[PDB]
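One chain comes next, on its own, written as structure tokens: the form deposited without the partner chain.
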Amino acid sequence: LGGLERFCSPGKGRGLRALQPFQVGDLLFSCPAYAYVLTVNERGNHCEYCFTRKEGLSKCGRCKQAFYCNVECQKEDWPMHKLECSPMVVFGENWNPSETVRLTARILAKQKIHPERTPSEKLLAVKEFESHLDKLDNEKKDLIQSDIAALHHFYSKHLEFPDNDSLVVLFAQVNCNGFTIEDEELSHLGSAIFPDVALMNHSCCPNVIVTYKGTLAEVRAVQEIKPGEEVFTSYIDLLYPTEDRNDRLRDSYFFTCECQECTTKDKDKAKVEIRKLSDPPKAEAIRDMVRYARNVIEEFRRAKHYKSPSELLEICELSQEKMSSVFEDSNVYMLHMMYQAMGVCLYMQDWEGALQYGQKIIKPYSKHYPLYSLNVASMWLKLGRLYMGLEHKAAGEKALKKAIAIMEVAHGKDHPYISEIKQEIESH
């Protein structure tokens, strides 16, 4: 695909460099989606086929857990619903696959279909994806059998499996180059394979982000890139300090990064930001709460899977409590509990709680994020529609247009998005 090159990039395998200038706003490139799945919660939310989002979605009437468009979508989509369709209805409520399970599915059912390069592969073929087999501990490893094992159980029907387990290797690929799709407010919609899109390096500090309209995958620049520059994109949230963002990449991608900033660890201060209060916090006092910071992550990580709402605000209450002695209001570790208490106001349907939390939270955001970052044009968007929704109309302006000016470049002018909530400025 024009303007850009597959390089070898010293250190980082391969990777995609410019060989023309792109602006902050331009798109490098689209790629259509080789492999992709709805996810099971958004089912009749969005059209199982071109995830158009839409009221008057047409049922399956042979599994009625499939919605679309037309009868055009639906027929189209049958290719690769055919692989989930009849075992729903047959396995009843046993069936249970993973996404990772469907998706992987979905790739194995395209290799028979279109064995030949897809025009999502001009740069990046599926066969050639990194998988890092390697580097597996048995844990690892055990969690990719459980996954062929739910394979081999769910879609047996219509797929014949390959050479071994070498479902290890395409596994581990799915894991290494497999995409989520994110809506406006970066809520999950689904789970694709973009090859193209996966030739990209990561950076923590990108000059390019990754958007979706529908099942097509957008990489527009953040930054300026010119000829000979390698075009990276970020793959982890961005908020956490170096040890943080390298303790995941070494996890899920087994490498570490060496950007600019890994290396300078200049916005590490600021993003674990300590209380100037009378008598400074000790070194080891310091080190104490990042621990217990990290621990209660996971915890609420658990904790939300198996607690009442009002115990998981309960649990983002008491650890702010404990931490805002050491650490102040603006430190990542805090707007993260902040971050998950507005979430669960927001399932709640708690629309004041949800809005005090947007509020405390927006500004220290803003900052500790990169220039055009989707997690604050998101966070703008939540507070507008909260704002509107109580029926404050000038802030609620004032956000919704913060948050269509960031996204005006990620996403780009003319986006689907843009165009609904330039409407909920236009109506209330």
Given for the second form:
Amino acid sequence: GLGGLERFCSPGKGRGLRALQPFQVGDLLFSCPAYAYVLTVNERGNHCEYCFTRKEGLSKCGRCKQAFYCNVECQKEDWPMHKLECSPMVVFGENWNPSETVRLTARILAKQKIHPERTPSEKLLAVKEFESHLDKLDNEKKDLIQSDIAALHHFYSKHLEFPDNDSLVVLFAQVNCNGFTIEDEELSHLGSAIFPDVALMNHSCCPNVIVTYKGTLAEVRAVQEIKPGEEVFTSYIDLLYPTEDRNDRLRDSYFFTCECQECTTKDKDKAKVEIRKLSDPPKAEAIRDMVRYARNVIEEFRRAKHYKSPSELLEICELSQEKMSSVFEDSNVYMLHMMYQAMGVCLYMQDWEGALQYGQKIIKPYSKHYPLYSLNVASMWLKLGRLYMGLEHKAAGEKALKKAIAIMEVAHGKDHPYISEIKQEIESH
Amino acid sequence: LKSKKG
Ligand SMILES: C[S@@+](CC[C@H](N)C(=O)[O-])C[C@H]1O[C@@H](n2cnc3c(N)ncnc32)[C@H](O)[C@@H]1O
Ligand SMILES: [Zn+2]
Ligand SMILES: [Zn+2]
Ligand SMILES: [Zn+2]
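Can you now output the form deposited with the partner chain bound? The one shown was the form deposited without the partner chain.
Everything in the complex follows now, all chains and molecules, and the chain you saw is the first one.
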């Protein structure tokens, strides 16, 4: 197992992780090497395929020209996994498009063939023991898993010996249920991975731990004091949203309803859905109509980013914020969602002033809605610092960069390479 | 997948 911790039966939460010793805020509970992992397509050329090191002058794979490495050792070490995609990418060319889930699942199957025994990533929970929720799958979810299984056979039949379709549905379901997205310091998606021991942890909307990454290594650090006998909880989702939203996401992706202190008390729901203090106050049904509209625009924008232009996307943000502002306060989470999306579009367009303009409005409400140590808060401070620095506002930039560092020292560890990069940014000016 | 932002 893992020192100072143990696997246990968490009543009404299946298996979980329990503390056997005290952990103070910022203490590393444990580390978990990725069992299987995949660098996202959009990050190729920016990060090493093998170790995820972000570097300039990465060496390109001579065959496919679509994998980049630190050196010949990272290249060689990645080959058992890279071979699943190397020649297929050149053969299928433009037609090579497996989803990230399929790419990761191919790697799980490849690892199971090479290393059938329990790995150092499975000290407490094994990939084979993962919860699948197979019994809870409706026709829509089974159809999505069937598309994934067809893509797996379509792109990965060369090296893989496939189990029956039934074993593949259980696998794809286990991957959806237990998979992690690996994010950088700005919470940008880097790739997807399996961290079996990290997946043993149950969810809470007031977690006592944060998961961070040192390349492909997951690190679990306390963000609240943990005492012997206490269960170790991480958040599976973005905690900005009110109770109903959070639980709709948890029911849809994880097949459970959270009953943590946040979900029970609903303490932050009032401020999260803050209403304007108008002379004629807005009616209850007028609030409910706007909450319904707000959730619909969030989904409309999600779809729109795949095909609409940056100006069309900013229009959706501006127009929706205008409609919402008649009922909702600027600190309201639905207003904040659109502002964050609009900031993201500005960043892409290299409109640094526009991105800064939005970030400035987001930061204070973020601090109030998110937990004490929050990667979402740290990430926003970091973006703001970098924008201020980029725009020659060095004193404001240094203040924001130091606010990012203060949170990151707890979540990532005082010695994290991300903090050394930020300090170099402060020092170089 | 299990992350801070979706
Ligand atoms: C990644 S697993 C966590 C480990 C899991 N309890 C097990 O026995 O394998 C995620 C699954 O755990 C359960 N789970 C996690 N947090 C929960 C919570 N706060 N309440 C109820 N069930 C929870 C749900 O079944 C969920 O889909
Ligand atoms: Zn490397
Ligand atoms: Zn290659
Ligand atoms: Zn909760």
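The term rigid core refers to the most C-alpha atoms you can superpose between the two forms while keeping them within 1.5 Å. Positions refer to the first chain, counted from 1.
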Residue among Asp163, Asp134, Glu160, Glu116 whose Cα moves 2 Å or more between the two forms, once the rigid core is superposed: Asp163
